[PDB]
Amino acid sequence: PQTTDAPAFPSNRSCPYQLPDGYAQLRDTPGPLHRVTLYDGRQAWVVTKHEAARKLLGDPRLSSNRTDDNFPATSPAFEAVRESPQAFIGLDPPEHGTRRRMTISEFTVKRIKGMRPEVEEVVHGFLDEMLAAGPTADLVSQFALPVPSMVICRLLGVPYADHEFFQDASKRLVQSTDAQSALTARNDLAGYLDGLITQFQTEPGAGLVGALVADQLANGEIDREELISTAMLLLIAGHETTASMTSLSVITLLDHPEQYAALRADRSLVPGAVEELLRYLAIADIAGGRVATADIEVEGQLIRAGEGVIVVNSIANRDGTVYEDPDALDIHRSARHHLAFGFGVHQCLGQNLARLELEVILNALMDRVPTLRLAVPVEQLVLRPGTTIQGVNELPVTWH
């Protein structure tokens, strides 16, 4: 018999908005932790319950150091991160805070509020274009990706004129199935950002990269390679997460037409619906990895120093002790306290930007394209694997 008490992890989704069978199994198994086997045969722990996930994400004994040999890499592609200097996502205190603080001023509530006109312009512009062209369209390449791309590039000071290059590099990295393809995509982006830094040293300019070059880099308070990695992190996260939330939300909303109609009739529901979609779709388990630097006892189970732990926020978000009937999409529920953005010192820096983008995107689609519908059946879509950010390669749509 082939039964194991340490199942292969991660698993791939067969439905965009449902837990893989293996994950539903882990969700139902008692206790905060479960053993899994990673692609390389190493055993790690997964965290599968909501409160335990918050506790462990808050535990400084669980390090985010991706350069540690014992870090729970889930594919050969993940060997691209550990090669070059880490952005603050891969740092622990105190280095984490000193670096994160260099970027936080771009993401304040006041700044995000001030960005609304820009986001609305960008959303409606790419919609103007896609709609004028007429159906059939790929919602991913014509809308879901370029919108957040343009927005984050403005925030960063990355010239949108180079979009074909850096969007392809982003796409290659996210779709990477091996180490060499990931390393090449990373190096391509790194060289591009390196040249941008030199350009800023000659001629100062707007955007976070411009500011970091003029200030911290000029004071030697950040390494050039660290600045590259930081800009890269913000660029890729800025592009890829919102793109996936857009595509998957459209698919999910169209599969729940009663809720989608309700959303259209009462736009005050949009912010709450965005939270529920974030909870339900939980696109970023790829960002729950940790390595124990000391023994941690968790409700009778022992995590040993040197063991990998992955906090699986999609499974945690389906904890029925927190969300009644957790596998039901309910745009009227309180999806508050969800872990789609993590918890603690590494909680998503871009979360409020993401929330603004998704609110504007959903309102715009309901306003401008009320007849939007998929042009192929949901079953024909190709979902990305559990080793990357959740999403679809392409999303064929049509409308009146």
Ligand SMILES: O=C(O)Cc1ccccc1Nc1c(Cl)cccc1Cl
Contents of the next structure:
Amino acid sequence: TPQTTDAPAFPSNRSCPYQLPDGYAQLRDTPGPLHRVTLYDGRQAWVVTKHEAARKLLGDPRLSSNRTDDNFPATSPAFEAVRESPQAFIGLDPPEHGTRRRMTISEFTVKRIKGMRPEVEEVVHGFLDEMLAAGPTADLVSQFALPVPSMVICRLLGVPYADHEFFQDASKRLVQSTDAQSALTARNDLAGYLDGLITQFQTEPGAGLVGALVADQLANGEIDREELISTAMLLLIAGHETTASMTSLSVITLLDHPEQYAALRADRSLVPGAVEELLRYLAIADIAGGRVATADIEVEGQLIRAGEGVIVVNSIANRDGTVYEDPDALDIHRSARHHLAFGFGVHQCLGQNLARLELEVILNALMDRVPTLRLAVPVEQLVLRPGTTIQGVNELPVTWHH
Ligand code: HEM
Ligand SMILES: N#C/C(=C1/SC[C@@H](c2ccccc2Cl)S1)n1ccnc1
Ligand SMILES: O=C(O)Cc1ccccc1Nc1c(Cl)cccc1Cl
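Instead of the form deposited without this ligand shown above, give the structure for the form solved in complex with this ligand, please.
First the chain shown before, then all remaining chains and molecules of the complex.
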């Protein structure tokens, strides 16, 4: 008996770090902006598979980001960890979203990010010093890809780096969590740590965004103590995990396209455009597109009903051939403009300027300090994270000329 389905299972896992899963490429090819899918618990939902329609729906206020809504398209049991506690502004709609987000934007401006350039370079070259002095073979993730953005975001947040082993482990346990209880345990571990950090700042006013939020908004009752915890946790995990994944996958991808890597090294003028193309191509946050319709939405003849879950899959939208000619080809020289790796609209990634800065610095540093860098194993031996979480590899064995 045939098993062809109208709503295939979603999400799907990558088999190649920089290629869509086979199922996603099928969704990309099927005409129309929408397609039905079956989530892990049997409920059906819509997935958006085209670029301009993704922009349109991301800007549509009728698609809500409220993750506490019972009809929100949860794609894994671990998603329950964020549903039970107060929502950081990633899970808020206007006007609450803007009031909370504006409490944090000062630390992510173009002026502040450019101001952080010397300390980002210092942290990058510091962890490179330690890795190269230790010699190959090293795991690029635990020795460079993860600690670099961890240290940077901690200094931005005011989180003491001396506790890094604790909250890096709690962050990883949440990222890789495959059940609800494990995710909630790792989340409460972070919540308990951040709550004590708040009390510490109330005794002794401190630096970083968390200290600012404690001294001002919390003391004026304009943010709840548990919203501060959720917001700080969002920035902490995002600061750690997204950049680390872009680093490891950019290294894997660039080494599989050695002509473009050598061209990139020969001209650092190309690093900014190469970073945009890597963001479009790798789209490591393609699971973070969930929305729920609060009213009927008709999309090019197809009707989204109120109460239906919608998932804007930015990896698929970033492979729209009508926007990026030959979209499945990595081209660091192409115009990667208007890609959706960071989203679009009111929720577009607050840390996008920081991720762009860190990746540029990291890529330039790897080409300067370790040009003989190469993988210590075939990419087929690398272990990919599933489509239910942030795209990445659990470890990246690398070697170089000692
Ligand atoms: C290459 C790295 C990153 C990628 C690919 C990425 C991707 C995304 C995407 C697709 C969204 C949209 C979520 C939605 O529409 O529901 C988002 C939002 C967000 N990201 Fe990132 N992100 C990255 C790095 C970071 C970093 C380093 C931070 C540090 C704080 C961060 C913090 C946030 C926040 C706070 C939001 C929510 C903004 C809002 O709701 O107004 N991200 N990100
Ligand atoms: N990547 C990423 C990222 C995420 S927030 C929501 C996360 C998520 C949503 C739904 C299901 C599973 C997961 Cl894990 S993924 N982020 C955070 C800041 N900027 C980007
Ligand atoms: O979304 C959040 O509030 C925290 C956060 C920040 C960065 C990356 C992921 C997550 N959340 C998250 C995690 Cl770490 C695991 C499973 C499901 C979710 Cl929603």
